[PDB]
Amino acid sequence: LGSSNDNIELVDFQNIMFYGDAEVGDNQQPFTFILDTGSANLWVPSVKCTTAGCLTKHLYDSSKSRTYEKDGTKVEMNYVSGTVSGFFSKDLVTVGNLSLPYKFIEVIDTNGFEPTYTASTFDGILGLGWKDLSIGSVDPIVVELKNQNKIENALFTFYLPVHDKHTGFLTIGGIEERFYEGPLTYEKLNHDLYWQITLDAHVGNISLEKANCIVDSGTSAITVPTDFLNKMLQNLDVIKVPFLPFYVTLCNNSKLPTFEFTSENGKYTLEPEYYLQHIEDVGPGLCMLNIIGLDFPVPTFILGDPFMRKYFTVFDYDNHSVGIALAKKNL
């Protein structure tokens, strides 16, 4: 296929978060979403949502769409970040220049997601993980488009925006060379759930062999197991503000190590310039480390936004793998 591909522009927010737009209904009602490789359902607040978080948002009115098909099955959507609840509905979903009938969650109660939702500019969340990661056993949007021949390949890629520099693009259907430099290395999904792969993690002299690494566009920090983080902070001139998950350091702290994740195919690193937020802050150069300690049953690193900002990433449902390449600095 001489190119093709459905490109959706990603809108940056202070190098912290980014968003993308999609539409629901044959009348293509507009909504801003967190495009999330770490969940597998699409949800939008309904016209029937009276909570406070819903007051500033674009709302879905299924009565204005001929393609709406009632479902009604009640759903409670529990993220680590909070809870939204509502019911299943079916209607047309438009992503970029493609449309398909689709089952999403019409949310009527966001109390379990406030004050977060109230202080959010996104309307909803659009999951991009595997079918089994979803509530309802909903086949991924991209898998669908492929089934219906609307796209070349059942894969999507993320070219994240870089603040002040350039825009991003979630590209569905194929891989565009305009976004990366050097080689594109594939790492096999270890499971068809999250986009999780096995990499040895190394920082300084601490090494965690065969760490489970979740590639999540929906996580704004790099997460690290706590015992690993504990060993690496020893003597680093990095201060933890107690109670709150924040780690601060002088932006010029020479001791700051580079994260190194490796497979027999490639070696991915994240230098201090990539995980340090602030830069020229409160006082001299106090910088915040965009890293937080988080423990899962098996040692896991969530390779969130800070990793994806440096690395162009490819998500291939056909080959059950994640491809990784150095993102091009500018378009």
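Residue numbers count along the first chain shown, from 1. Only residues modelled in both forms are compared. Superpose the two forms; the largest set of C-alphas matching within 1.5 Å is the rigid core. Compared with the form deposited in another entry:
- Here residue 30 does not count as shifted, since its C-alpha moves by less than 2 Å between the two forms after the core is aligned.
- Relative to the superposed core, residue 281 undergoes a C-alpha shift of no less than 2 Å between the two forms.
- Core aligned; runs of 3 or more residues with all CA shifts at 2 Å or more between the two forms: 14 to 16, 279 to 284, in sequence order.
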Contents of the next structure:
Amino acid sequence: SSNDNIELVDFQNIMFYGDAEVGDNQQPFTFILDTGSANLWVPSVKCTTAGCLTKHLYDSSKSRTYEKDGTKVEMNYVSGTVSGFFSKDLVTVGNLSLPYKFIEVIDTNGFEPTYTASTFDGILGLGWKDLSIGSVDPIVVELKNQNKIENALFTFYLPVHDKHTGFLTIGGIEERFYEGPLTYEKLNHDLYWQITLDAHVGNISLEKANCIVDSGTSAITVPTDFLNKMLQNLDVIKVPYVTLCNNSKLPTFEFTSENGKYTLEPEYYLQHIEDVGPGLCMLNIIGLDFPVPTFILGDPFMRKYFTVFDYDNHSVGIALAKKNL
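Switch over from the form deposited in one PDB entry to the form deposited in another entry, please.
Below you will find a single chain and nothing else.
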């Protein structure tokens, strides 16, 4: 394996984690791998919030390579905020290492209940520089400049609950992860991994909508209006959205470009909740409005499609993920 492969484990089909280390002594941590952010952060041994008591903590005094910074910083996510200060130390991802600037988190009380209720210790961003705090070059970009990897790209072969684990691969594209054609879509912005695609679900359509491929989002988000029409005569209620898993009215999402066609059948966005009711399924779709028509192709899409995030070529490559390796 000339590339750097990091095994991924699924967490209740809503999150997936990967491990990496910080410090010369390889202190272990479990990370959310987020293409939607650009900073790396780990909780400090100096973090004294209740959430931190159950986590793997980072102790800079145990690492020779630790380079003090101390610049105050706070990072925000959908589920909250974490605060601390910048620090620099050796970061090891898979079989590659490099001195890297990250956020040493001191306070997580503004990131609850997500933090305490989840198994991850920190978050490792895989977005673009301009999207980070402190103007930190993306880790993969850094590795490329240090000539540690053949290409400034990484790929995601996501794990599938009760089926198989996944892999984050840095440096190269491995054909073993996908079948069918691998199609590239140019980014429309060098901030997020956002591309342009036409969308069609039923009779409802939307031309050249913005689509963000995001590993940190557990669902597929759709424009409010779009969702409403999509679920008008479909038998899908919602406790003040759930439906029968065998609902044959359920539509298939269709995303097309000049170079490719991607579809998301109900089997990919329906989550079983038998424990609540026989044959009952939850709709892993969310109504979310951005200033312009936008779809967040989150984990549901990525579980079906192997994805390539290319910094050098400013594009996202998409191909059908193999059901089994």
